[PDB]
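Novice: Chain d is fixed; fit chains z, y and v with the ligand onto it per the hints.
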Amino acid sequence: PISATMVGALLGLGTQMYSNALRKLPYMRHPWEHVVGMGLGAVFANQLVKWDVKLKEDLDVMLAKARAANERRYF
Amino acid sequence: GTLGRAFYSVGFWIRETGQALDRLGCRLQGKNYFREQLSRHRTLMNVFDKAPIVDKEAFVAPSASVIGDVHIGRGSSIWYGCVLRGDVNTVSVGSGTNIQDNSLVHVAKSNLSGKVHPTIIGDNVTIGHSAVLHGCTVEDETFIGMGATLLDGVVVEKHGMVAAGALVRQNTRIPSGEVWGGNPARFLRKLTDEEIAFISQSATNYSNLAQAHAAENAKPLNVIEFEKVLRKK
Amino acid sequence: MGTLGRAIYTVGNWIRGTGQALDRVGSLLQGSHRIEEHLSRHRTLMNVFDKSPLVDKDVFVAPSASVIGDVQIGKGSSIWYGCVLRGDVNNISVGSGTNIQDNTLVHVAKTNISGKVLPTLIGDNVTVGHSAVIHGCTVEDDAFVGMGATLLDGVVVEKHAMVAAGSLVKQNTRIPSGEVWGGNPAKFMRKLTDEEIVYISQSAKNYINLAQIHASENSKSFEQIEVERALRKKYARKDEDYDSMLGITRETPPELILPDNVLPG
Amino acid sequence: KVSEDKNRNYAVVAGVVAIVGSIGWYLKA
Ligand SMILES: [Zn+2]
Numbered sequence: 002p003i004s005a006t007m008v009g010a011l012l013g014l015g016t017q018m019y020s021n022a023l024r025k026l027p028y029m030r031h032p033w034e035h036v037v038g039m040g041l042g043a044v045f046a047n048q049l050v051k052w053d054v055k056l057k058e059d060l061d062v063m064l065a066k067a068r069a070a071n072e073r074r075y076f
Numbered sequence: 002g003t004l005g006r007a008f009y010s011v012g013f014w015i016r017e018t019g020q021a022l023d024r025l026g027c028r029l030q031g032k033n034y035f036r037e038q039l040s041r042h043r044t045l046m047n048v049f050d051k052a053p054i055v056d057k058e059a060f061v062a063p064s065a066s067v068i069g070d071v072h073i074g075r076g077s078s079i080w081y082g083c084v085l086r087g088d089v090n091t092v093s094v095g096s097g098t099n100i101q102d103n104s105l106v107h108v109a110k111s112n113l114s115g116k117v118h119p120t121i122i123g124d125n126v127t128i129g130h131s132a133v134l135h136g137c138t139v140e141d142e143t144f145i146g147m148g149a150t151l152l153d154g155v156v157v158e159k160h161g162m163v164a165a166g167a168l169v170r171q172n173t174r175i176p177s178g179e180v181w182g183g184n185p186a187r188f189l190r191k192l193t194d195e196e197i198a199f200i201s202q203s204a205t206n207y208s209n210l211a212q213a214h215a216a217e218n219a220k221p222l223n224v225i226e227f228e229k230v231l232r233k234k
Numbered sequence: 001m002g003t004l005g006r007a008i009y010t011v012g013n014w015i016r017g018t019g020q021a022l023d024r025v026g027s028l029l030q031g032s033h034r035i036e037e038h039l040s041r042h043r044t045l046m047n048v049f050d051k052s053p054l055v056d057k058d059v060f061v062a063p064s065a066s067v068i069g070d071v072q073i074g075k076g077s078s079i080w081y082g083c084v085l086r087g088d089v090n091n092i093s094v095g096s097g098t099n100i101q102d103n104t105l106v107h108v109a110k111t112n113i114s115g116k117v118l119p120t121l122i123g124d125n126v127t128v129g130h131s132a133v134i135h136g137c138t139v140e141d142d143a144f145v146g147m148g149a150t151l152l153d154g155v156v157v158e159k160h161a162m163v164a165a166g167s168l169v170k171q172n173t174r175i176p177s178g179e180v181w182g183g184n185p186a187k188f189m190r191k192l193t194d195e196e197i198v199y200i201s202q203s204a205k206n207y208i209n210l211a212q213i214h215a216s217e218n219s220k221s222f223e224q225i226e227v228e229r230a231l232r233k234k235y236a237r238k239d240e241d242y243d244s245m246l247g248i249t250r251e252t253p254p255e256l257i258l259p260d261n262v263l264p265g
Numbered sequence: 075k076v077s078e079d080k081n082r083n084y085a086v087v088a089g090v091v092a093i094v095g096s097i098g099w100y101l102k103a
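Residue numbers (the entry's author numbering), protein chains in the order written: chain d, 2 to 76; chain z, 2 to 234; chain y, 1 to 265; chain v, 75 to 103.
The set of hints was computed from the structure by calculation and includes no laboratory data. Idealized CB from N, CA, C, for every residue including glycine. Be aware that one or more of the hints could be misleading.
Unchecked claim - Residues from chain z shown here face chain v by an in silico Cβ test under 10 angstroms; the list is partial: (1) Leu29; (2) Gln30; (3) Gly31; (4) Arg190.
Said to hold, decoys possible - List of simulated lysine-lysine pairs, DSS-like, C-alpha gap at most 25 angstroms: (5) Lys191/z / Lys187/y; (6) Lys233/y / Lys233/z; (7) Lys57/y / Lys187/y; (8) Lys51/y / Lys229/z; (9) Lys233/y / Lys234/z; (10) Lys32/z / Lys80/v; (11) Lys220/y / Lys233/z; (12) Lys75/y / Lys57/y; (13) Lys229/z / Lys57/y; (14) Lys32/z / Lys75/v; (15) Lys205/y / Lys229/z; (16) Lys75/y / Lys234/z; (17) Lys205/y / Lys32/z; (18) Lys25/d / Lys233/z; (19) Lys32/z / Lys220/y; (20) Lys51/d / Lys102/v; (21) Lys233/z / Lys75/y; (22) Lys234/z / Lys234/y; (23) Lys234/y / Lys32/z; (24) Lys80/v / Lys55/d; (25) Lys233/y / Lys25/d; (26) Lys233/z / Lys205/y; (27) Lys220/z / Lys51/y; (28) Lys75/y / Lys229/z.
As the list claims (entries may be wrong) - The following residues of chain z were derived to be distant from chain y, with all beta-carbon distances above 10 angstroms: (29) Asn112; (30) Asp124; (31) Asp153; (32) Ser201.
Extracted from the complex, chain d is given alone in its bound form:
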């Protein structure tokens, strides 16, 4: 369906064409750069999803510690 790799590749393609358009160049001015941008976008999206998972995992442990400290007050 809709995966991180696909969204990232599409966003990398969009960035290169957006960058070409901001410079008033043709959309496909340097197409190898479009290939590079798709690759980079896919890499970045997969890494971002993995990083989000790791961050949630770490936040769970830290909230566990916070709740333990707060529950210490009622002893």
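Specialist: Just chains z, y and v with the ligand now, with coordinates in the frame of chain d:
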């Protein structure tokens, strides 16, 4: 159509990539000649599928510009500095017709001012130096004077003559055997039989002069001038 | 240099081969519709009917100009961009210090309809404006032809005579000295003042100066073109403040400085 | 026959080493 235009566009992406690759290969070998400013002028230029079709006997000067759908017949000639643009509509030139130096035969660039009329040039027609023909029709054996301007919708009938420097306004029909001149062009006098003989003899002569010019331009490019330009200090 | 240089050279050869193959594949995908650009076949100076143009040493002929056949151009003259001097059926003579401005056509006639057919004669210190048409006529020395004017066969423009811009001068018309003619057809407009004679002379003298800079630029080789491109880039802007901090003064190189005779001052 | 700019050759080798090292870095991580 759309599929051909998509393929033409994707081909440009592959070509631009290949040309960049070639430039990379030269940069690795320390060659910079790809940076030389060389003229990109093409005598016959295409706009996607619209390309000029030129008879093998028709002389075209190397500095002339023939753009888009432009038909040139046998024995015709396009002289030095001439510009023929056939993008928004077609330009057709009949057999044995001379377009003299620096002439412009073009169609309307836009349809804002109405449907874009094509330009039709008949057979054995003389178009004088630096004349401007824009979306008109010129019938067989007519004379267009040097520096004349024919706007769109103008009909020049057979054996009709437009004097030099005449501005023929839009939709102005020049009847046969009539000399029209001035700004705007109006009837001036009736054409004489000697003038008709001179018209035909002139077009026959220009076909023979064009043959001469087409031969000297065909000469192999001098390697001596090439070496002189290369070795300048 | 050495083994590493040779290895990189071979790799670059492979890269160029691949690039050209990719270019061909893209061309095939385009449907062979695109007409390829080729080496330029325009000849600035060309013979015809075994007649060779005779051009003086210090004459600026623009590379885009077409000088064909039996054409003679004198010292200090200038043939600008897009000019066509086709002397194939007859003789074209151009005097000294005469400018033929951009996109002008000069032609001759083998035989006119009536009268004696004559070559195209242009005298000394004559100005011919942009996109003029000079056909089988005679322009005497120190005359003025406005831009977009058309002179037909037999026209004679006398010394210190002016043809106004856009004029259509009918066949065998004579423009007398000290007179300005104009219109379609051309006709007498008024007399020429002394300030206007001075203007004509100063026009020819200004164009001899302009011809020098244009001739210098158009004859530069690839190596010099690249050197001056780099220089122009290096001196386009300035940071005189940091120069003063460094104790240096950056000077414009002489190859980028125009002669004083072409500057507005 | 030979490329003579030695600094350019060194830079070419450096770019090649960067690319190959990036590939190996990914493959062994
Ligand atoms: Zn002519």
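Novice: If a hint holds in the structure, say so; if it does not, say that too.
Specialist: Going through the hints against the structure:
{"no.": "1", "hint": "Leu29", "result": "7 angstroms, holds"}
{"no.": "2", "hint": "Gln30", "result": "6 angstroms, holds"}
{"no.": "3", "hint": "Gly31", "result": "5 angstroms, holds"}
{"no.": "4", "hint": "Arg190", "result": "76 angstroms, violated"}
{"no.": "5", "hint": "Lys191/z / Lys187/y", "result": "24 angstroms, holds"}
{"no.": "6", "hint": "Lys233/y / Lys233/z", "result": "24 angstroms, holds"}
{"no.": "7", "hint": "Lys57/y / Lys187/y", "result": "39 angstroms, violated"}
{"no.": "8", "hint": "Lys51/y / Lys229/z", "result": "22 angstroms, holds"}
{"no.": "9", "hint": "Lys233/y / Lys234/z", "result": "23 angstroms, holds"}
{"no.": "10", "hint": "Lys32/z / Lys80/v", "result": "15 angstroms, holds"}
{"no.": "11", "hint": "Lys220/y / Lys233/z", "result": "8 angstroms, holds"}
{"no.": "12", "hint": "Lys75/y / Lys57/y", "result": "7 angstroms, holds"}
{"no.": "13", "hint": "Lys229/z / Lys57/y", "result": "16 angstroms, holds"}
{"no.": "14", "hint": "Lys32/z / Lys75/v", "result": "12 angstroms, holds"}
{"no.": "15", "hint": "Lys205/y / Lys229/z", "result": "31 angstroms, violated"}
{"no.": "16", "hint": "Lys75/y / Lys234/z", "result": "24 angstroms, holds"}
{"no.": "17", "hint": "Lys205/y / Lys32/z", "result": "43 angstroms, violated"}
{"no.": "18", "hint": "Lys25/d / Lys233/z", "result": "39 angstroms, violated"}
{"no.": "19", "hint": "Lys32/z / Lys220/y", "result": "20 angstroms, holds"}
{"no.": "20", "hint": "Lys51/d / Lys102/v", "result": "19 angstroms, holds"}
{"no.": "21", "hint": "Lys233/z / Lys75/y", "result": "23 angstroms, holds"}
{"no.": "22", "hint": "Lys234/z / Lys234/y", "result": "23 angstroms, holds"}
{"no.": "23", "hint": "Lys234/y / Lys32/z", "result": "22 angstroms, holds"}
{"no.": "24", "hint": "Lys80/v / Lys55/d", "result": "47 angstroms, violated"}
{"no.": "25", "hint": "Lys233/y / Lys25/d", "result": "22 angstroms, holds"}
{"no.": "26", "hint": "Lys233/z / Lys205/y", "result": "29 angstroms, violated"}
{"no.": "27", "hint": "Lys220/z / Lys51/y", "result": "15 angstroms, holds"}
{"no.": "28", "hint": "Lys75/y / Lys229/z", "result": "23 angstroms, holds"}
{"no.": "29", "hint": "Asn112", "result": "24 angstroms, holds"}
{"no.": "30", "hint": "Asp124", "result": "23 angstroms, holds"}
{"no.": "31", "hint": "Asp153", "result": "21 angstroms, holds"}
{"no.": "32", "hint": "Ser201", "result": "14 angstroms, holds"}
Violated hints, in rising order: 4, 7, 15, 17, 18, 24, 26; the structure is consistent with all others.
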